[PDB]
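Given next, in structure tokens, is a single chain: the form solved without its partner chain.
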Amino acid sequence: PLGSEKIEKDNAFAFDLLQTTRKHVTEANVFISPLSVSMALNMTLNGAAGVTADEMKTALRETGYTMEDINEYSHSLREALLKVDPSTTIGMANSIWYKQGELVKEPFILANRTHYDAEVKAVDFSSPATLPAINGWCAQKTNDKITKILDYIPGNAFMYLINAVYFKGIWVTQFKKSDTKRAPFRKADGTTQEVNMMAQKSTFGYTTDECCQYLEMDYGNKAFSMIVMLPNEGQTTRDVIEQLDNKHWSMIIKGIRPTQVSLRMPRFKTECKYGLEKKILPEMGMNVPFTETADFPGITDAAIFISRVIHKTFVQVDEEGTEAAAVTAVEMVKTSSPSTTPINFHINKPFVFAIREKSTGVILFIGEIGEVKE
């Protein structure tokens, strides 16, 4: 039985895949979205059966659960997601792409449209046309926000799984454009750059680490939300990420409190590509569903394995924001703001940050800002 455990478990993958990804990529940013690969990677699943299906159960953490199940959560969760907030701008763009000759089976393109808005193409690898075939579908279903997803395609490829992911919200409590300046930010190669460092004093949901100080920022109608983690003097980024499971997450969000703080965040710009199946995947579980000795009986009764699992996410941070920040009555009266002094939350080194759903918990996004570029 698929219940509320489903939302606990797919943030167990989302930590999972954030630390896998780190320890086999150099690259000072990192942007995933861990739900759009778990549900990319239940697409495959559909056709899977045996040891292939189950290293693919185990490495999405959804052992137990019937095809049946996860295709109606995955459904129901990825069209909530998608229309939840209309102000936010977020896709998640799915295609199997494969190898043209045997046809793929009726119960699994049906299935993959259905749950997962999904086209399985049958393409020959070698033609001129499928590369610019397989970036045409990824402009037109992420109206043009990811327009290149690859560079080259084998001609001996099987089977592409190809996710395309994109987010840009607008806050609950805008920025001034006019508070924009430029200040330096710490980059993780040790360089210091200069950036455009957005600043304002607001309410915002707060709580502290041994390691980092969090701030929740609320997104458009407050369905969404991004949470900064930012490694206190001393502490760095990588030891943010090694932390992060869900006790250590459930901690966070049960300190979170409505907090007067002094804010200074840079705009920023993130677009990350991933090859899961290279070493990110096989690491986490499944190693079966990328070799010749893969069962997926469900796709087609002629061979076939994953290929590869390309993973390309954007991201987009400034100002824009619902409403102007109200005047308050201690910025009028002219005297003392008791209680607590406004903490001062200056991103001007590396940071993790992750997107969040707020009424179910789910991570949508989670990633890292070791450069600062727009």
Second form
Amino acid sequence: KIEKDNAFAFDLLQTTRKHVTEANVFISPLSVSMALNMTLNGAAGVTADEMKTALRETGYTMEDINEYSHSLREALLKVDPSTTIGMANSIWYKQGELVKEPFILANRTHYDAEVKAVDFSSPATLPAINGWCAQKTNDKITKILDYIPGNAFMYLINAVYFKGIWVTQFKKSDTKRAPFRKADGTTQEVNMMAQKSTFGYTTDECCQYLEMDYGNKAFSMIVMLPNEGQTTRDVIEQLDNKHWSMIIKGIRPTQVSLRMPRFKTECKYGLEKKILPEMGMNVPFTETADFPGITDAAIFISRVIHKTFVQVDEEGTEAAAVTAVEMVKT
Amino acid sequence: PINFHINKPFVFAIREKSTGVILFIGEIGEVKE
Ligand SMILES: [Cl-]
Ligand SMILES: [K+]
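Could you give the coordinates for the form deposited with its partner chain bound, as opposed to the form solved without its partner chain above?
The next block holds the full complex; its first chain is the one shown before.
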């Protein structure tokens, strides 16, 4: 049994925030870890060690990583029948290529991976792959790929889906037009939801913290609201396992007058460019990568595409993420 | 009651309690619909 914490989530958030310039950031560390853990089953030597370093899995064996992911995925799918949860994995590879059975069977066994041999040159393949993504995200992420390169060898794709209903919903009749001050200091008018209810609450030097439950209270949203003059950049930079543990343990049921905007965001990342290299994953993205667990062919990771969606409203939250690890032949 | 008025940028996360896993995490600097 491995006691894996949320270090990867905080490191991925911090590194993504450092490199992207957009006002909004929205990621699924779970989706990224699951797709890269499928891929890691084929890696040897420094390729494998650099992937474990980036994933914050150094010192864990592949057997323990696989068994942890398998147990985690099954627990998330059954902990709350009143919340919709989707966890789907698929492997798509070039028809006619030989892919090793221990690698495929490790992924079928521990990730319930759907495995398909496809002709990447067919006009039908992009709709088949993108159609799978739409099917596993309630059509909220309808494309993960815009093109397939000529040297494509394999896609390892994960889709995470979430649709929760607030334990205490907002009344649509209580939503009002109100200002929201943007990251650049300018103001926009938004649909500000409001309610007075019992919520989990705590504070520290920087911020106020709120916990809003969904369904049977297995899942919740944590909101970190910096005090006046404080920034979200500082909150992100100072967020680690120690700090998160202190926030969670400090939460107490409190009567709160909540004001929250209706909001939606859709984000797209190429994690191979700067983020995963900074986290320690370098060699797997180069021609010196070694994936002998997958094939005898010389392959490497060309892109790690991460796309997300979130919509928050009076009823609850809908969120989705897709991560595609694109492997190409050198 | 305590006021928790989200009228400026914030960080948020969707978590599951028994596993403690963060499924999603982000920051909102601009509201979109
Ligand atoms: Cl990016
Ligand atoms: K980048």
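Whichever C-alpha set is largest while still superposing within 1.5 Å between the two forms counts as the rigid core. Residue numbers count along the first chain shown, from 1.
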Overlay on the rigid core first, then point out the one of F175, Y206, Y160, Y274 whose CA is displaced 2 Å or more between these two forms. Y160
